[PDB]
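Let's start with one chain on its own, the form solved without its partner chain, as structure tokens.
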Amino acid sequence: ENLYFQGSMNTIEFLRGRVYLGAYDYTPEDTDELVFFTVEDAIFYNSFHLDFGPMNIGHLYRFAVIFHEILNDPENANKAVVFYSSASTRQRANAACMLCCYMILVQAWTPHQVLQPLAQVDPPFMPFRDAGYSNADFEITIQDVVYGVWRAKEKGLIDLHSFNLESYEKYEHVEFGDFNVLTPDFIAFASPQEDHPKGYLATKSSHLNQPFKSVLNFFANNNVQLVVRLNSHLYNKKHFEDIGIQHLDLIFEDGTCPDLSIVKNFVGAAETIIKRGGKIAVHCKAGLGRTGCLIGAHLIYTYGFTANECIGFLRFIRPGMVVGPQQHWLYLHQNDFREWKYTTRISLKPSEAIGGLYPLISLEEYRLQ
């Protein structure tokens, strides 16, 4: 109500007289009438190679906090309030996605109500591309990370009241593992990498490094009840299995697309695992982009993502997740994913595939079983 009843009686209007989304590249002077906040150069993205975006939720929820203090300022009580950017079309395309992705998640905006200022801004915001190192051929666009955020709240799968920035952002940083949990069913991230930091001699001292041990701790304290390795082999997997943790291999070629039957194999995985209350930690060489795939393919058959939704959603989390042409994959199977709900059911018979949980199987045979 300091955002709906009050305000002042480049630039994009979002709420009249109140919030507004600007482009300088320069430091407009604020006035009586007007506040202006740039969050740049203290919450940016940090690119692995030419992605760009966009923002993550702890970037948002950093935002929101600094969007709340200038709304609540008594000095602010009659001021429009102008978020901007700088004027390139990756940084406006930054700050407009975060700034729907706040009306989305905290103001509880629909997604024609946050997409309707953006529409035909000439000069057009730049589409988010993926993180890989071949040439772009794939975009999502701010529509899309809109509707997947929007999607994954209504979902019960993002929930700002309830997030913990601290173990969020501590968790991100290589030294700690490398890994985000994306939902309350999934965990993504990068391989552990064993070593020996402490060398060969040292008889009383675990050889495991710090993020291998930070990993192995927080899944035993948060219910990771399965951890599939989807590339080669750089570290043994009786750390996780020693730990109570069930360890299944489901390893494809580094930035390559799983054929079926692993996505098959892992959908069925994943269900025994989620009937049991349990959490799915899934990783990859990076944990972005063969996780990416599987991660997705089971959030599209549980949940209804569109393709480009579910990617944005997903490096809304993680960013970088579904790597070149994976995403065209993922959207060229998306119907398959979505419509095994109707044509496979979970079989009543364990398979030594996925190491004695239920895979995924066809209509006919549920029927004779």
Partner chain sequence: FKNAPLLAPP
Given for the second form:
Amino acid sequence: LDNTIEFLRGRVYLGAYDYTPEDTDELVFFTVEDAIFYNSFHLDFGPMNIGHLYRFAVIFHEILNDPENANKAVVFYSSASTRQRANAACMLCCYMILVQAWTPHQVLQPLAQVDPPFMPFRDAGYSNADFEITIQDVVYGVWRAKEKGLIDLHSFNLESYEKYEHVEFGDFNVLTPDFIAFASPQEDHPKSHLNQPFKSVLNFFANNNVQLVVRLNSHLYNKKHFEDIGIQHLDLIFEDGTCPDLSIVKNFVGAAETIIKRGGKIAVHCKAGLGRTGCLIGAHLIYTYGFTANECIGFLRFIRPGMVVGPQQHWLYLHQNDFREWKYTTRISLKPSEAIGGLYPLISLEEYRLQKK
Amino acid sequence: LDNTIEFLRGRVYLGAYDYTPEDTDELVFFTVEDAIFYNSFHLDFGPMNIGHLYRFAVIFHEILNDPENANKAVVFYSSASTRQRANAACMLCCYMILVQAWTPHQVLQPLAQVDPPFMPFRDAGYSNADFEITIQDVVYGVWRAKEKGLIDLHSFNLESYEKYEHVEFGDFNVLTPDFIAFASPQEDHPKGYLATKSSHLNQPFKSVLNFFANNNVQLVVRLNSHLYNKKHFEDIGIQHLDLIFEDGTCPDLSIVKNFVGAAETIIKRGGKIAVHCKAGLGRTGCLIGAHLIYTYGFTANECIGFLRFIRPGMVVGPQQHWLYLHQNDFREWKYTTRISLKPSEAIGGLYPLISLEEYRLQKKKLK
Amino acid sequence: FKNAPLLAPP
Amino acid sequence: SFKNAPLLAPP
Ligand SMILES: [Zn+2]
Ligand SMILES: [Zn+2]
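After the form solved without its partner chain, can we look at the form deposited with its partner chain bound?
Up next: the whole complex, starting with the chain shown before.
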């Protein structure tokens, strides 16, 4: 009862304890802190990702379904740290959103004004944190993504998800039906030499209808390997840790719209597939689906921890109106552009007017 | 010290102590927690408003400028309460934004990932909280409002601000150069016709009428049931419009579009719009907030933060999630609607928002 | 989740 | 107001 939040009366509670609680005839307690761990890049600590959430659901259901617990409330708990508490609460909220179809205001009401508060989530970069997203942001972002059809736990493949996250298999995530974010391949191209992660990426892309690869970082491989399997390769390079000029973003959004119209996927990489990649995919998600910047960051990190780094967060925050309202102030060009390899860029309403008269 | 956040090395720190610290050769401490109080409506506890911030800045500057502190760092502090720590941190950030021209990422870096965290801000209503705004939201909202010319601490009149907030002087705030939010006047209006010149209005009602007459209010919008006769505003040439909807509910978007068009019509003439519901907080915040988002591109959270920085308690209960869920719509309307060329009886002959296709049609003679 | 318990919002 | 403001520039 103490340090315990009611989610469903006599049914589901969220606790935070520095001791090990004892099951009683009315209560069963479980923590997953020893089983489901967030892998920190630097000082990021959460939120837990969709694979973690899927495994939490399996555990939760197994405990709920145990005959011995038929007449007990279930208390999911963490340790008392504000970081561990934030991860546990956010994961339980994501469970209710994705599995039980609760809405954000329903999962947020039990968490509001808890003392001590939950630690807000920070980015994965090395500079001191200066931007935070909350459980409220993550919940709204995951809910909106589910409502737009971008998350579907029915078809979610946990084994595929966990495998391809690994560096040795290419360090990538399918983010949505349209986008993959990945770390740059690396090779020593001779002046049969591809390493296992590169072959794994090429195989997956060939099997999963990737039609465009966008490279955002300095070259670490020869693009011919993607063109060898029929995939268009595009450089839109900008420097590590920086935010892309809006001219790059407009070119990227038009390239992506062009491929999506053909039914294809776009795979985007920078060095790590986190910051620069998050800028561009994030811009497109906001343009398409109307996420807030904080929701977009929360959804991206729920699928691929660490996306959008440092000042890129404030950049996405400050340009989110621009991206959303490009639906009204821009059009896809009628004319293909050599800057994006013959795909069609976003252009201003006025140029599109000229083209159309 | 250890329980302390650095804002400027060797110059400005933010501490939290459940005791009174003693000044040292190198440190001067001060708090305002025991002199500048947030006046809670229910379980809201902050953020501190612009008037409190002005008072804080006067106190801070006096300490900064005292020669005894010339080679001392200043430690602004609160008690260890996560709520009081949030108020102090938010006020110091708002000070840096509004007096020292810092940007949001500059004031937020010192606060990020503090353990224990600051309590997020909740609304002033009676249901259990289900929506929070953060210092990050408030800071971005106050900064954006300053960048748009809606706040200027250098011309701010503390005496007028604090006076008119009082119930006995009308319980209102000028929110922006365009808008006033106020609580409904109340009167016992005589039911028959009387030839008497004598006034039956109470002091707060007269106070509202005099301020509105002198401050270019051209439209009063009433959102609650009738507690006064509108003739008192019409007597002084001020248009009066009902857009009433039930206490504690969110307005239909048809009401919002009518309001935005009515307000735009007045703004284009150069006038102010004064909006009230019963308290001038929830329903009034829905409609003014929608217009602010429509005009200036605030996020919903920023808009709520800014509104509460001027007038604590605005936007109540489910109205917060409603503003959050419709903020894209309000911005959309800049592109998908126009001010009607035909007046609507629903807003007293002002012009509502209509679709682009309706607008195109109104420029022709239907055949 | 096949046999997923019903935990409807309150 | 706030010509009395000391200079406290961001770091
Ligand atoms: Zn090669
Ligand atoms: Zn009267």
